[PDB]
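In the form deposited without this ligand, a lone chain appears below as structure tokens.
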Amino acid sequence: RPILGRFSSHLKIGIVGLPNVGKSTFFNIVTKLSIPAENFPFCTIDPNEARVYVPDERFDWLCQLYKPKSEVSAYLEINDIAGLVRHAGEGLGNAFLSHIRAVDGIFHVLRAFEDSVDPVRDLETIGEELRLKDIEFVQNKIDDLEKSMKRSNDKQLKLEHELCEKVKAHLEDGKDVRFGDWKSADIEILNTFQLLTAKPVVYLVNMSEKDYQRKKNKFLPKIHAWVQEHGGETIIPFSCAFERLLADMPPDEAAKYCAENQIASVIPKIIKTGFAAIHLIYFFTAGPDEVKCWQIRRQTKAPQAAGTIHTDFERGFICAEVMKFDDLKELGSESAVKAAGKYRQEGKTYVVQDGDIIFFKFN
């Protein structure tokens, strides 16, 4: 059950691709849709980073029901790594690779259009290159560990070494860390290393507007076949050109273009997917003062979730009062949900589910 990733609340997803895939072009779509930096006064947003609102139909419905004075969405932070660099050739730098450690998952952008063109080759290139860098790390950690074990008897050291060795075999065997089968102990240790191939990926398959509109692309069967045989992560076709074109239109021209050409933007899905793939969810709070998405890592329990709003809610935690969105939609009001006896009252061990509408009781 425990999660491969940073124990942290400021997660982000990195853009990774071989050149001419449209890495900076995808970033430019994202930047165009990003939340202005002055809304994040605690932060400094480098020009290679962007933050986009996560769209959610449940959230919008709650806003229609409560018409609150404040509406606050969750966001996804996205990093274009290419912009920081610009290595000889045949892959990414070591420079590029050092900036990946700093992200929590990867939008792997693939080139699936013609004017050589082999997205499957490019998958293999990057995956080999990530594993090699992981092997380097783990070897160095092996070197340091046995130096220490020579002059110390710390039990920690044998355990890490025992794992590093398991991880080295797995990697040398051609397998990525995140697809290994690790016990809770191992994952605890792995999360201190933050290995590159430990990071989850969402494959973005870049193609012409034509291929994307007709939902048909020559490279995508092989790409798909490769991905099912390498962890089976989500694959999302998109067209940088179309999305760029659609993003520069006024809203009504955009809707016309979608109807006249029977085509739709996949950016909402890309954002939602990426936010989920890095193991984030959110729960809602909803009344007339405010409707809000309160993001948390998956498997967060109620009092930790309470804590993110106000520390008193965790220190004084009594219970979390929880409505499921489907029950509120169905029955039409909090009153009706209470009446029907589905306004649950959940304790310290309750794992917050994505979509939970919560009111915290404390002190």
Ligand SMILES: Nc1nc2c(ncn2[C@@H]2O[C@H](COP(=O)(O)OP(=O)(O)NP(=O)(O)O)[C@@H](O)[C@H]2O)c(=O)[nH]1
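Each form is matched to the other, and the largest set of C-alpha atoms that superpose within 1.5 Å is called the rigid core. Residue numbers count along the first chain shown, from 1. Shifts are known only where both forms have a C-alpha. What changes on going to the form solved in complex with this ligand:
- Taking a Cα shift of 2 Å or more after superposition on the rigid core as the cut-off, the single stretch of three or more consecutive residues that moves between the two forms is 83-86.
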The other form holds:
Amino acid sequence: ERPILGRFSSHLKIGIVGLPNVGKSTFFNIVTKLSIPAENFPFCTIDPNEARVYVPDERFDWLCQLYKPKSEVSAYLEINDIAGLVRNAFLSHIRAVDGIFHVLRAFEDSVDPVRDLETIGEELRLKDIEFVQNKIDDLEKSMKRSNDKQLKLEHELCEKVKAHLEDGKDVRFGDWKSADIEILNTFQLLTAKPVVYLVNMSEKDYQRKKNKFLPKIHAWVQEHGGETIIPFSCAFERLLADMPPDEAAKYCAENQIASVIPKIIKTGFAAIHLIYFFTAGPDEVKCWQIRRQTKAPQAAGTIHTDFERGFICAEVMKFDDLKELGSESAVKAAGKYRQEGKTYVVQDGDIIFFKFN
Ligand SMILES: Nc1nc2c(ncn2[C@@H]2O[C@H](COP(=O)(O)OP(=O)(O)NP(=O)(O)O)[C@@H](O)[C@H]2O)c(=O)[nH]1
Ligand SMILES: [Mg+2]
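Okay, that one was the form deposited without this ligand. Can I see the form solved in complex with this ligand too?
Shown next: the complete complex, the earlier chain at its head.
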């Protein structure tokens, strides 16, 4: 696997992006009404357009109804509400996020989501060209007075990126080398950011799993990267959120309909190349956010630096093996507990105990 095109951090954000009045803030408000209170993040300053929501996980809940810890800690997704494009402070708001929830209109009050996919598409490609051109101009000036091998390599990349963007293609869909990605991460280009398509439609359409605009959207996406498309009804989700659990479950069974907000949160979290491992014990069961392609020692460090500095090994059992057999004791008895070294890339769902010092 090649290195991942993304910002070097685990404090990642996802931004709600789309044309005016497509249901962005309604979606955000449904998110907020289901968000973790701001005071739970004392190290942070959470703006009114920001929200942090828990990531649901069926493995995590199984690890609770088998351990009953003192504290249960889920992972979270940070979502940022950006206003609609009317043309920016819009482009500087996208610069602050790492992935995109691309919200599309597919409901009747010209309704053309494919056009909107091109409209946002162009606006993002063009803004990237402005960034890349400004770099080429800056690199060329420096090369007149310097002979650093890096200045040529960066210029060479920029020019390849410039031609890629001008051909209508997005940065994240180019075939880049390792050293190419490392420099691209230094730019954090707009069309490098992964997207999830959230197609907003009427409750009726969403319920009967049929929409007139979807086959076209689907055909376009397949021709432009093949990223995930989630159909959803903003109105319906709004209506369900304002209900108490009692009525909400009754409304769902009676209308044969179900919320997709969980899947949205789960897909957003995965989209921005975040995964988590578990530490399961009788005192704590916690999902530990890490970036995909993190090695075992670095994963140890996020819990406590001693774990990384003194790293001996990571004792990892797979969830399925714990599920099939009895418990931790039963798993060790069968000898499933793999002892993985410094070179081991942590896989999502790994239940880990670290050995150090
Ligand atoms: N029929 C219908 N109307 C919607 C839907 N979502 C949004 N709207 C309309 O759009 C208006 C604004 O709602 P909002 O969720 O803020 O949309 P927005 O995309 O955040 N607008 P902005 O681009 O200014 O941030 C609402 O008053 C409503 O009339 C929808 O799913 N169905
Ligand atoms: Mg809004």
